[PDB]
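The complex appears here minus one protein chain, its other protein chains still in place.
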Amino acid sequence: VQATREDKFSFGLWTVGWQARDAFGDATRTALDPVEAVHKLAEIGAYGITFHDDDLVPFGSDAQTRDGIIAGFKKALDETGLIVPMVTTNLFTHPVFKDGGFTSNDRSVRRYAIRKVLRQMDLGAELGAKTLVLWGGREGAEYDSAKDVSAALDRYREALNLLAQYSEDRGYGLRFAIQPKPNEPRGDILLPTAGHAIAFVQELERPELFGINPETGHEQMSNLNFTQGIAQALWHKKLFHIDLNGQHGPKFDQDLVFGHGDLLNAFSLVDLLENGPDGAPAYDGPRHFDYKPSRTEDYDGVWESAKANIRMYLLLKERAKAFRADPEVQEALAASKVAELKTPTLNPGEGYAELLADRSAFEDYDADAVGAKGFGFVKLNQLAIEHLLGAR
Amino acid sequence: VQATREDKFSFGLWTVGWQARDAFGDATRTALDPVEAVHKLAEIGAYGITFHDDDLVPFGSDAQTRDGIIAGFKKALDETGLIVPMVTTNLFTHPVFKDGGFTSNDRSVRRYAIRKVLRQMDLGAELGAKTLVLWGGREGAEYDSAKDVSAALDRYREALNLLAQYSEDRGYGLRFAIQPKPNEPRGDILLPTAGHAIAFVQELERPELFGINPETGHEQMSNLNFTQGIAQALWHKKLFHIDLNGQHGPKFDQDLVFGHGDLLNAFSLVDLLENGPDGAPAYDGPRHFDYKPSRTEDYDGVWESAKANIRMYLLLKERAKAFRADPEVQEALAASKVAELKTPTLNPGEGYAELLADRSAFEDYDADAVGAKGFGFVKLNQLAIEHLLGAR
Amino acid sequence: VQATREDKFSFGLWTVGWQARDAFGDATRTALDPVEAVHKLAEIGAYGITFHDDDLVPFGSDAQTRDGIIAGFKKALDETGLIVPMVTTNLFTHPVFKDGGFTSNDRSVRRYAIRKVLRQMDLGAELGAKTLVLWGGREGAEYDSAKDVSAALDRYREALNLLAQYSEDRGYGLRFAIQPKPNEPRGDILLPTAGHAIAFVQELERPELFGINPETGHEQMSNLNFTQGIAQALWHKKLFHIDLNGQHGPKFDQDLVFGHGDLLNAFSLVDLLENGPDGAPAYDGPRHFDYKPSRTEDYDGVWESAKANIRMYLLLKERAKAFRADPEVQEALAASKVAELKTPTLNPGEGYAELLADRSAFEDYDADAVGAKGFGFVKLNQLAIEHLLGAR
Partner (left out) sequence: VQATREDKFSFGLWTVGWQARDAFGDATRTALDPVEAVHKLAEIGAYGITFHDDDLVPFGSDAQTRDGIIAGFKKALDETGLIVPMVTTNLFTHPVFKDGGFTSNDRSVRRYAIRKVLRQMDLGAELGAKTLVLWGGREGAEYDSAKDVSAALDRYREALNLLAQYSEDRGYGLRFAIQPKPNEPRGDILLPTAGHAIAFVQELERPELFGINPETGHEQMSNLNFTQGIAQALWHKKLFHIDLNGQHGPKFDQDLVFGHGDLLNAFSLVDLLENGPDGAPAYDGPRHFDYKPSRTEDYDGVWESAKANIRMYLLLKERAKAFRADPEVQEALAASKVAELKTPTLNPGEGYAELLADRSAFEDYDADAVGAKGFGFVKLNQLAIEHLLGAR
C-alpha cells in the first residue's frame, strides 16, 4: 500500500537520528542533519516530525546559533509540507538531571527543569505543535529510602499546574501528554503504567488539559496487554497521543519497528484504533513511531526501518478490516456474545429493588446449565489469526 | 515481640483453610472448620477474620443450613472477640463465572453476579464489616477479540454504582475496595495494576466510597515496585485495605508468607506504613495476610506459617523504627536531600512570571557544577540494609 | 492444507481431555473417554496419541480394571491406525509427590517413584512407544534451605541410570527425553531450561540414550528465545521430542494452541524444523501438541482447538517455504552474510601460528571501515514478516 497524509504517520528526529551508542558500545552511525531528516521523512510518507529541544538545538547553543537552526528547520518544513504535531523536552541526558528534572531531590534542579520546558513550550507554540509530551525518564529511584514518592507526586503536580497556567495565559492551546515507563534508566520510574499516569492526571488543577502518551514497548516491559491498556485509556478519553514500536517482553527497552515485537498485539491494537464505532477510527491523533533502527544498520537500514513502520501499520490495517468484514467472523462474534456486553445488565428503569425482586437472577437461576455452555473464543481467535496470515 | 489487637492483623478463612489443591495436583490437607479457624487465629494474635461467601457457606446451601453455619460462626466470634473487618464474594470458582461475573459476555451471568454480591453485603453488614473487597479474577480475556474492554468497563461501573446505591440506601456504611491483579486465572485481567484500578474508581458515581485493596504479590507479578505503588495509593487517599504476602517476580501467584518474597521491598513497605507523617502510621486499616501455607505442609506447618506472617511484620517494624531513630541515617537522609523534595519548587507567591525573571533558574544556572555533586544514595541504602540485618 | 500421517501430529490424552479445573475454579467440562479421544483425534488428522499412566488407568485401579482399559485402548488404536510414539508417568498429582518423585526428601517416595515409572515403561514397550518423556514437575523447592540441589542431581541421576539399565537389559529400545520447566507447580524446578537439561544428561552413564523434550511455553516463561534454544538442542543432537503450544511471556503456564502466543517465534521455529539441511527437515520426530483448550470452551471448542494446532503449523510451514524460495529473500540473506557464518574462520590447515602471522587479521586491519558497513538485518526481518502475513 501507500501512506497518505491522512494516515498521520509522524516520527521523532531522535528515532531515525539515533546514532546507536548503546549502554555497551559506541555509535555506529554518524549524526543525521535535521533538514535532511525532514526531507527523507517527507519522501517516505510521514506527515509530521517531532523532537526534543536538544535534538534540534545542541545543548548550550548561543541565541544566534539556536535562532539560526530554527529558521533553517522552518524552511525545510515549509518546502516539504511536514508539520510538528508534538514537541518534547530532554530532561534526562545532562548530568544535572541524574535524580530527575521535576522531582529531583535538589530544588535548584526542579526550578531549572521548569525553565527548560517553558522555553520549549514557546518554540512548540511557534512551530504550531498541539501537544507537549512529558517523559519523566529520570523521575524515580534505584533505592526506596532515597525518594519520598508522595512529595515527588506533589512536585510533579506543582510543575504541571504551572505549565498549564502559562500555556492558557499565553493562549498556546497545548494539550499535555504524560508518557509512563516502568524502569530504564531509573531502577523504578514514577507513573510506571498507563493506569498510574491516568490516575495522576485526574489530580491536576485543569485535568481536561492532560492525557497520556502510552508507548507499546513500555507496557510490554512489564508484560501488560498494550491493546487492553489503550482500550482503557480511550474509555477514560485520555489517549492524547500514542507511541508505536515493538518489544519482546520484560527486558531492556528495544524500540523495534512497530509489529516486530508482539505481532498478535500489534494486530489487535490497529483493529481497536481503526475499527472504531460508526465505522470510523476510535482514535484520530498522530500514529507516532518512537523506535530505533538496530545498531547493526547503516543509513540504508535506517530509511528501510522507517518505511517498515508504515508498511506494518498499513498491512495490519488491511487485515483488521478484512477480519471485521468476514461473515464467518460475524458468526463467531455472535456465538461469543461479544456485542451482548454492550447491552446494559439492568433493564431501563430497574434498580436494586427490581433486581432483588427478580427470582430469575438468583433463586431460580440455573448456574450449572449456564456454566456448561462454551463461548467459542478459540474459534474466534483462530479466525482473527488466519486473517492476519492472509490465509482467508 | 507479640501481636496486640492494636496491630490489626487479619487473615482470610481461605488462607489457613487452603487445602492445597494446585493446578497440577490434589489437595494435601483436609478441610478446616471455620469455628476452629476462628479459635486458632485468636490464639495466634489475629484481631479479625475475613471470608468469601462460599468459604463459610458451601455454594448452594439451603437457608436452614446457611443460617445454622452463620449462627455457629457468630458464636465463635463472640467467644474469641475476633471481628470481621471485610467480607468478599466468590465470583471466580463456579463454572458459571468462566468469562467473569460483572463483565461476562452473557447478560444473565452479570445479573446473577450482582445478586450474589448483594446477598454478601447483607451478611457483611450484619457481621459489622466496614469494607467489601472486589477481586474480579475472571473479568478479562485470553484473546483480544473476545472482549470489548470499553463495554466491559461500562458494565463494571454499572454494577458498582448499583452496589453503592444499595449500601447507602440501607445505611450499611460500607467502603468498596477493588483488588487489581495482572493475570491468573485469565490470560489478562481488567484493571491490572493499582494504577488502573485507581483511575477506574475515579469514574464511578460516588468515588468517595471507592478505593483499592492492592496485594504485594500481584504488583510483583508485573515486576513493579509495591512500596512505590502503595505510596501513590496513599497520595490519592485510596488505600482502603491492603493484602500482604510474598512473591518471586513474574510467575504464577505464589502467595508466600509476607516477607518471604522480596525482603527489601517488604522492609521499605513496613517503613512507609508505620513511620508515617507525625510519628504515626500513614495507614490505619487492617494488615491483612492473603497467603497460602505451602502444599508441602500439614496443619502444624499451617499454624507455623500464620504465625510467620505476624513475626515477619513485627521484626521489620522494629528495624524500620531503629532505622529512622539513627542519627547516622538522619545525617545520610540530609546529605541525600530526601526532605528537600517536600519544599515547594516555587517560592510562596512566585508564578511563571517571577520564575521567568529569575536568571538563577536558567540564564545563570551552572548545570555542570550541580550535575557533578553526588547524592550519596548508595551509602543511605547500605545503612538501611544494615538496620534490616540487625548489624546496627 | 490438510494433515497427513507424514506430518506426524500427536496429542496427549490430557490435552483434549483437560477438564479445565484450574487453580481458582472447578472443572467446566466432563471427562473425555479415551476410546472416544482416539477416534476424534484420528478424525482431525493426528497420527499418534500419548498419555501419562494415570490419564488412561485411574490411580489405583485393580489389575482386572487396568487390564480391561488397556485392551479397549489397544482396540481403538487398531481400528483407527493411530500409534503411541511416546508415553510418560504422572509423578506430580498425588500428594505423595508434593516434594518430588525422584528427588523427594523422603527416601520411600523416591523408591515408589521408580517403581511407578518401571511399570509405565513396560506398558509403553507393550504399545510400541519409542520415547519415555520425564517431566520432573515436583522436583525443586519453594525455599532455598529445603533442597540440597547437589544431592537432588545425584538422586535424579541415580534413578535415570537404573531406568536405562532396565530398558537396555529388556531390549525395549527406548530413548529418554527430560522435559525442562522453570517453575510451576514448585517455586523453582530443577533443570529449568533446555540448557540445564542438556548439561545434566551429558553426566549420565549412557548419555547416548538421553535427550530433551523442550516445550515452547516453558522456555517463554523465562522470556528465552524458543527457536534459538531448539537450534542449540539440534546442534547437540539432543532434540528427542518437542512439545508445541503458546504462551505470553513470564506468567503462569498458559498452554495455548501453538502459534497463539509469540507468533513471530512460532514462524521462525517452523522454518528451523522444516527448512533443514538438505531441503529436508532438520527434525524427524513427532510434532506433539501439549496444550489446553481454554476453560471457556465446551467440547465443540475442544475439537476446534485441536484442529487449530494442526492448522497453525501447516499455515506457518507454507509461509516458511515461500520465504526461503523468494529471490528477494535470497538477496537479503546474501547482503546480511548469513551463509558466511558457515565458512570456517580459519583457512584449511591454519592454526594460531598462521593466524598470528597474518598482519591483515589485526595489525593492518581497518576495524573502523568494517564497523561502518550495515548488515541489512531489519530489511531481512521485514521480508520474513511480509511472507508471514501473506503480503508477498
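Letters A, B and C mark the chains in the order given here, with residues in each chain numbered from 1 onward.
FYI, a contact is a pair of C-beta atoms (placed from the backbone, for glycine too) under 8 Å apart; a residue touches a chain by one contact, two chains touch by 3 or more.
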Report task. Going by the touch rule at the top, give the shown chains the omitted chain contacts. Result -> A, B, C
Query raised in the report: Out of C:17, C:25, C:182 or C:261, which touches the unshown chain?
Result: C:182
Query - Residue among C:203, C:208 or C:284 touching the omitted chain - result: C:203
Report summary line: Even though one chain is not shown, chain B touches it at residues 28, 223, 248-251, 257, 259-260, 262-264, 293-294, 296-301, 304-305, 308, 311-312, 315, 319, 371-379, 381-382, 385-386, 388-391
Report summary line: Those residues of chain A that touch the unshown chain are 22-28, 92-95, 97-99, 137-138, 142-143, 182-185, 187-188, 221, 248-254, 256, 260, 294-296
**Report entry** Sites on chain C contacted by the missing partner chain, in the whole complex
**Finding:** 94-99, 102-103, 105-112, 114-116, 118-119, 140-155, 158-159, 162, 165-166, 169, 182, 187-188, 190-200, 202-203, 222-225, 227-229, 231-232, 234-236, 250, 264-265, 267-268, 271, 333, 336-346, 351-352, 355-356, 358, 361-362, 365, 367-368, 370-372, 375, 377-378, 380-381, 384
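By definition in this document, only the chains that are shown with their structure count from here on.
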Query raised in the report: Between chain B and chain C, what's the gap in Å when you average each chain's C-alpha atoms?
Result: 38
Query - Gap in Å, rounded to a whole number, between the CA centres of chain B and chain A - result: 29
Report task. Quick one: report the Å distance separating chain A from chain C, using the average Cα coordinate of each chain. Result -> 37
Query raised in the report: Listing for chain B: what residues touch at least two other chains?
Result: 94-95, 97-99, 142-143, 182, 250
